[PDB]
Each structure stands twice: as C-alpha cells, then as structure tokens.
Amino acid sequence: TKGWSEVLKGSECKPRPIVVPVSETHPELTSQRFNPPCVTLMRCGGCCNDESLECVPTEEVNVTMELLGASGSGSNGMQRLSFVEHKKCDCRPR
Amino acid sequence: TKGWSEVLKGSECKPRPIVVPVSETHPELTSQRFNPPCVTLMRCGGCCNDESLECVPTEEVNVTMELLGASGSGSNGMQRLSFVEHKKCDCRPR
Amino acid sequence: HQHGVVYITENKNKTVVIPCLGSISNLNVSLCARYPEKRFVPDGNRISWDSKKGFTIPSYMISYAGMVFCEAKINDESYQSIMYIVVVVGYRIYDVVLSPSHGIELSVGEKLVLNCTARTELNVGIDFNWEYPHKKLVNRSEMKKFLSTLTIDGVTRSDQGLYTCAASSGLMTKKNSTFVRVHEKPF
Amino acid sequence: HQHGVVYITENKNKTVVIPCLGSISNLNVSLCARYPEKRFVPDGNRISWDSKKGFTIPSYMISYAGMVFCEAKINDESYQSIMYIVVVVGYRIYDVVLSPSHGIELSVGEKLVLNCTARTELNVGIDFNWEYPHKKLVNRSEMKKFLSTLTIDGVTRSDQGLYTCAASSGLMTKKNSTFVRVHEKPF
Numbered sequence: 034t035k036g037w038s039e040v041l042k043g044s045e046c047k048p049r050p051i052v053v054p055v056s057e058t059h060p061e062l063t064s065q066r067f068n069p070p071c072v073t074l075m076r077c078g079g080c081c082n083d084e085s086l087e088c089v090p091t092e093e094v095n096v097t098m099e100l101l102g103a104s105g106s107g108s109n110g111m112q113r114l115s116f117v118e119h120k121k122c123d124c125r126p127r
Numbered sequence: 034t035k036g037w038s039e040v041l042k043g044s045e046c047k048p049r050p051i052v053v054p055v056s057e058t059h060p061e062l063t064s065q066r067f068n069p070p071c072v073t074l075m076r077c078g079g080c081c082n083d084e085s086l087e088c089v090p091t092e093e094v095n096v097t098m099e100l101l102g103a104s105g106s107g108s109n110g111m112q113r114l115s116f117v118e119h120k121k122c123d124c125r126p127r
Numbered sequence: 454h455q456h457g458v459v460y461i462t463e464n465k466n467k468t469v470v471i472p473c474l475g476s477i478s479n480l481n482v483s484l485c486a487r488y489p490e491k492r493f494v495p496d497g498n499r500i501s502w503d504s505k506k507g508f509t510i511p512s513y514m515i516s517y518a519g520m521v522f523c524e525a526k527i528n529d530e531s532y533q534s535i536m537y538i539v540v541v542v543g544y545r546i547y548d549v550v551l552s553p554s555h556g557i558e559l560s561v562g563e564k565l566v567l568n569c570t571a572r573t574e575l576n577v578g579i580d581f582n583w584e585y586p587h588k589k590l591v592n593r594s595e596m597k598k599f600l601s602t603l604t605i606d607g608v609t610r611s612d613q614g615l616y617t618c619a620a621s622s623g624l625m626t627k628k629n630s631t632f633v634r635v636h637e638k639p640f
Numbered sequence: 454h455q456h457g458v459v460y461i462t463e464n465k466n467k468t469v470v471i472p473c474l475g476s477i478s479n480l481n482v483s484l485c486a487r488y489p490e491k492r493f494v495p496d497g498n499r500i501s502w503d504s505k506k507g508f509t510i511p512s513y514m515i516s517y518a519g520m521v522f523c524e525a526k527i528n529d530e531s532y533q534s535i536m537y538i539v540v541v542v543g544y545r546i547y548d549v550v551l552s553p554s555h556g557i558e559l560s561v562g563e564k565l566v567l568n569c570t571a572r573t574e575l576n577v578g579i580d581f582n583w584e585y586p587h588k589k590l591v592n593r594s595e596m597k598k599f600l601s602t603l604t605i606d607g608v609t610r611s612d613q614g615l616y617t618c619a620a621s622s623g624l625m626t627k628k629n630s631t632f633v634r635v636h637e638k639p640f
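Chains as they are written, first to last, in this note's numbering: chain A, 34 to 127; chain B, 34 to 127; chain C, 454 to 640; chain D, 454 to 640.
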C-alpha cells in the first residue's frame with residue numbers, strides 16, 4: 034500500500050513521458066507508414082489540487098528522432114522527424 | 034537527435050506509468066473530492082509494428098493507495114483506494 | 454507526527470491562515486508548498502505571519518498545492534511545522550432538474566428511467582437523495598455537472614406518485630420533483 | 454555495420470524468409486526479435502533455416518517486432534546477423550468516393566469544398582492525386598480510412614469541369630470523379 038506522501042509526490046504536475054502515434058503528430062504524411070508507429074515524448078502531466086487549475090507547459094522544446102518510414106509497396110528510408118517536448122510544467126487557471 | 038535503436042526501444046509495448054483521475058476509476062463516489070485528484074498507475078502502453086495488432090495486459094494486479102477524501106463542506110478522512118495495475122503487456126490481434 | 458488541514462474557500466484571493474503559531478515576535482517565518490515545491494515569504498502587504506495567528510496568505514497563491522507548512526531557521530538549526538493539507542472545496546448548486554420535466558402518463562408493465570442532474574460550481578461534491586412511492590439508483594465550461602439515474606423495470610400501478618430529487622453540496626440543497634401517473638394497459 | 458529489411462505480406466500466416474545465409478549445413482540457428490525480445494527456433498514443421506535460403510518463419514509470429522536477426526553459437530563464441538528491420542505493409546484499396554457524389558450546379562463567387570475518401574485494408578499508406586480545371590489541398594472496424602480536401606474559395610466560371618480524385622496504395626490505384634457545372638449569379 035503506497036502512502037499518501039508517496040501518492041502525492043507521484044501525482045505532481047510535471048513532465049511525464051507519454052506514447053504518441055507519429056500519425057497524430059505528423060498527419061500530413063499519409064503515404065508513409067512508420068516503424069515504430071508511435072514514439073515516447075515528455076509532456077506536461079499530472080494534476081493540480083484545485084480543479085479550477087490546469088497543468089500546462091511553461092517551457093517547450095523541439096527534439097529530433099530517427100524513424101523508419103516505409104512507403105506503400107515502394108521504398109523505405111530512415112526519416113528524421115521533429116517533435117515537441119515539454120521541459121517545464123505548471124499549474125495555471127482555465 | 035535520438036537514434037532509431039533508441040526510439041524503437043523507447044516505444045515498445047510495455048507497462049508505462051500513466052496519470053488517471055480518481056474520478057475516472059472511482060466514479061461512484063460523487064460526494065467525495067480527492068487530494069490528489071489523480072494518481073499514477075502502471076498500464077500497458079506503447080505500440081506494435083503491425084497496426085492489426087494491439088498492446089494489451091496479460092497480467093494485471095490490484096494496488097492500494099492512500100488518498101485524502103474531503104466531503105463537501107463536512108468532513109475529511111484519509112481513504113485507502115484500490116486500483117488496477119498492469120504487470121505484463123503484449124502485442125495481440127484485434 | 455501528525456498533519457493538519459487548511460481549507461481553501463470557494464473564493465480565491467480571499468486570505469487563508471495556516472495555524473503555524475510562534476512565541477518569538479520577530480520570528481522570520483517562511484512557507485513551503487507541494488507539489489511542486491515552492492517557498493513563500495511575507496511581503497508586509499498580502500503575506501504575513503503572527504506569533505498568535507500564524508501564516509496568512511491569499512488562497513489563490515497555494516490553491517494548487519496538496520500540502521503546505523511554515524518554516525523558520527534560528528541559530529544553527531531550522532525547524533518547521535507539521536504538514537498542513539490543503540483542501541480546495543466548493544458548495545454552490547446552480548439548479549436541480551430532471552427529464553422528463555413535465556407531466557408523465559404511463560401504463561403498467563412499462564419501464565421507467567428518470568435522470569437527475571446537478572449543476573454546480575467547481576470543486577463541488579454532490580450527494581444525491583431521492584423520494585418516491587424494486588428501484589435502482591446510479592451516480593456519476595466553468596461549471597461542474599453531476600447525474601443520478603433511477604430505473605424501475607416493470608412498473609406496477611402503485612408506482613404512481615410524486616418523485617422528488619434532492620442534490621446536496623454539503624451546506625446547500627436543492628429539490629426538483631415531478632408527478633408520475635400510471636394507468637392500466639389501454640383498450 | 455548495416456541493417457536489412459524483411460517485408461511482412463498483407464497476408465500473415467504466409468511464410469517470410471530472413472536472408473541469414475550460412476555455410477555449415479548443420480548450423481543450429483535461432484532468431485531474436487524486438488521489441489519486446491523473443492527468440493525462436495526451428496521446429497522442422499513451420500520454422501526452419503537453410504544454409505543458402507536463411508531463416509524461414511510465419512510472418513504472423515514476428516509481425517509485432519520492429520526488428521529481427523538470426524543467431525548461432527559455435528565453440529566458445531556466439532555470432533549473429535545484421536539487424537533486419539520488419540516492414541509490415543498493405544496495398545488494398547476498397548473504394549474511392551467523394552461528396553457530393555451526384556451532379557453539382559453552382560454559381561460564380563461561391564466557395565467549393567470537395568471531400569475525397571479512401572477505404573483500404575490496414576497497414577496501408579495512401580497518396581492522393583487529383584485532376585481538375587487557386588486551389589488548396591489537405592491530407593489526413595477492420596478497415597483504414599483516409600481523406601483529402603480540396604477547396605476553392607471564390608470560384609470563377611472557368612472552374613466548371615470534371616474533377617477526378619485518385620488514391621494510390623502504391624501498387625493499386627482507384628479513381629472516382631464528378632462533373633462540376635457553374636453558372637452566373639441567378640436573376
């Protein structure tokens with residue numbers, strides 16, 4: 034049984050790693066099919082005591098990752114793609 | 034720039050930690066208001082090469098966590114709550 | 454040791470006081486909050502501390518933190534208070550209403566499902582209490598919405614009568630009922 | 454070193470072969486896959502290895518893995534192949550259709566938005582190619598759906614004509630066009 038001080042800490046609004054489909058971040062590339070089809074990015078996450086508040090980035094960045102894009106029964110090439118990562122998060126109003 | 038072997042590893046269908054509102058897991062407790070309102074649980078996550086496949090738990094468990102439930106302008110008491118965690122994940126069909 | 458509680462009002466900007474009591478008039482006291490960690494200091498204007506009242510601070514400044522605690526460092530040692538748990542809570546209920554709102558004519562054997570809906574501010578918890586003549590209950594934009602659903606599967610003719618639904622925020626309550634007439638299967 | 458590729462067919466259960474070539478007839482070879490890690494072994498029936506063909510295995514067994522590679526341990530040393538990257542791909546296009554489907558009468562100055570929709574199997578990538586007489590394009594259940602949207606904001610009377618949309622899976626292609634007549638503002 035995890036204590037409350039544990040729980041509380043574990044819930045804090047901070048940059049958590051999350052799984053995103055490449056299709057979601059780069060939807061304009063329909064012809065392509067990626068390996069892996071999803072990637073892990075640090076994004077703001079967790080909660081604020083006040084439910085009038087909201088967990089939001091205060092400092093984003095761009096990162097580049099290597100992805101294998103195969104094109105419908107044609108070719109396959111390693112593709113460098115840019116994603117947005119959250120460097121700092123914060124509890125703000127709505 | 035994160036390499037592909039990095040990316041690929043980072044994306045694997047495995048138990049990832051994720052933030053869940055207590056309200057989502059325990060919706061029957063309307064009268065209560067929890068601190069923190071969300072908790073972190075290990076759940077299956079990540080992707081499979083084949084988009085006919087799906088990332089799914091093969092071994093769940095229950096965990097208990099301490100939460101402060103305040104009741105609308107009445108009382109406040111520490112509440113032990115049970116949540117489902119995923120111990121093993123796997124790529125399965127749909 | 455133990456922990457304490459500090460209640461954030463429905464109205465931020467209003468000042469809250471943490472009962473970190475002292476004995477040294479000139480004690481230089483701070484207040485740490487989590488999570489994430491922040492530390493506050495009196496500014497004479499809005500933020501203060503009093504030997505016999507304790508740390509006073511605008512609730513909007515710490516509303517986010519699950520916990521807070523006074524702190525002070527004298528000589529070679531720093532000590533700080535017990536953990537005070539922040540409780541952010543609301544109590545306003547805008548309106549209570551159910552569907553159908555109007556009159557209701559039915560007949561024996563039929564099923565009935567009545568939906569009760571609470572419209573409240575934020576940080577509100579609601580308790581649903583009904584009133585009526587084999588019946589099942591289930592509970593679940595700058596506003597908060599709550600809903601309870603009552604179902605009777607095979608109504609008898611003695612289910613005819615007034616059905617009142619009451620929603621409670623904990624210090625405020627609101628009703629809104631409807632009459633349900635029932636007759637025998639037509640023809 | 455380098456990496457290779459192994460293509461998973463639209464049809465699992467069909468066998469795929471990894472070009473892990475050998476020289477020792479009796480070489481006891483395995484196949485590791487990731488992620489997550491698994492290791493396979495011939496069973497004489499479905500799974501095998503051949504000095505001059507390489508590791509053969511049912512694609513449904515490794516479809517999940519982003520990569521695979523043969524492996525063998527002789528004497529005090531184990532060596533294994535280069536990384537073979539798994540590519541799971543489909544090529545079927547069920548039907549191409551746009552809205553409105555039927556005839557289209559409009560008048561000068563009006564805006565026009567045409568929606569093209571691809572219905573394909575899974576693991577399919579689609580390339581959208583149009584055909585028509587200042588025009589903007591944008592691209593985005595055991596089936597996969599794709600859609601392209603063409604918009605002309607202030608059509609002239611010379612936008613009248615046939616509009617064909619073509620969707621390509623990479624080896625299959627399908628068209629489906631409509632005629633768009635335009636006249637001058639009525640009365």
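Note that these hints are calculated values from the structure, not bench results.
Note that the Cβ used here is the ideal one computed from N, Cα and C, for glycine as well.
Just to be clear, a hint being listed does not mean it is correct.
[Said to hold, decoys possible] Below, computed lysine to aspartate or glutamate pairings styled on DMTMM-like, alpha-carbon distance capped at 20 Å:
(1) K597(D) to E57(A)
(2) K42(B) to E118(A)
(3) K121(A) to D580(C)
(4) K47(B) to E490(D)
(5) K35(B) to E118(A)
(6) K35(B) to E99(A)
(7) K47(A) to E87(A)
(8) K35(B) to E93(A)
(9) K491(D) to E118(B)
(10) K47(B) to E99(B)
(11) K589(D) to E87(A)
(12) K597(D) to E61(A)
(13) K465(D) to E87(B)
(14) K35(A) to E87(B)
(15) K491(D) to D123(B)
[Unchecked claim] Okay, the calculated bits of chain A under chain C, using three or more residues with CB under 8 Å as the criterion:
(16) 41-47
(17) 97-108
[As the list claims (entries may be wrong)] Here are some chain C residues pointing at chain B (derived, C-beta under 10 Å):
(18) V539
(19) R593
(20) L624
Quick one, are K491(D) and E118(B) close enough, alpha carbons at most 20 Å?
Roughly 24 Å separates the two Cα atoms, so the pair is violated.
Within the segment 41-47 of chain A, is the number of residues with a Cβ closer than 8 Å to a Cβ of chain C three or more?
Since 6 is at least three, the answer is holds.
Hint check: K597(D) vs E57(A), CA-CA at most 20 Å. Holds or violated?
Judged against 20 Å, a Cα distance of about 15 Å means the pair holds.
Verify the proposed pairing of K47(A) with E87(A), using a straight-line Cα cut of 20 Å.
Holds: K47(A) and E87(A) sit about 12 Å apart, inside 20 Å.
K35(B) and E93(A): Cα distance at most 20 Å?
holds (17 Å)
Would the hint linking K47(B) and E490(D) be met if the CA-CA limit is 20 Å?
The hint holds at about 11 Å.
Restraint status (C-alpha distance of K589(D) to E87(A) at most 20 Å):
violated (37 Å)
Checking one constraint from the list: CA of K35(A) to CA of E87(B), max 20 Å. Satisfied?
violated (30 Å)
Counting residues of the segment 97-108 of chain A with a beta carbon closer than 8 Å to any beta carbon of chain C, are there 3 or more?
violated (count 0)
Please verify whether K597(D) and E61(A) have alpha carbons no more than 20 Å apart.
Holds, because 16 Å separates the two Cα atoms, which is no more than 20 Å.
Check whether the Cα positions of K47(B) and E99(B) lie no farther apart than 20 Å.
violated (26 Å)
Tell me if the straight-line CA distance from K465(D) to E87(B) falls inside 20 Å.
holds (15 Å)
Consistency with the previously given hints fails for numbers 3, 9, 10, 11, 14 and 17, ordered from lowest to highest.
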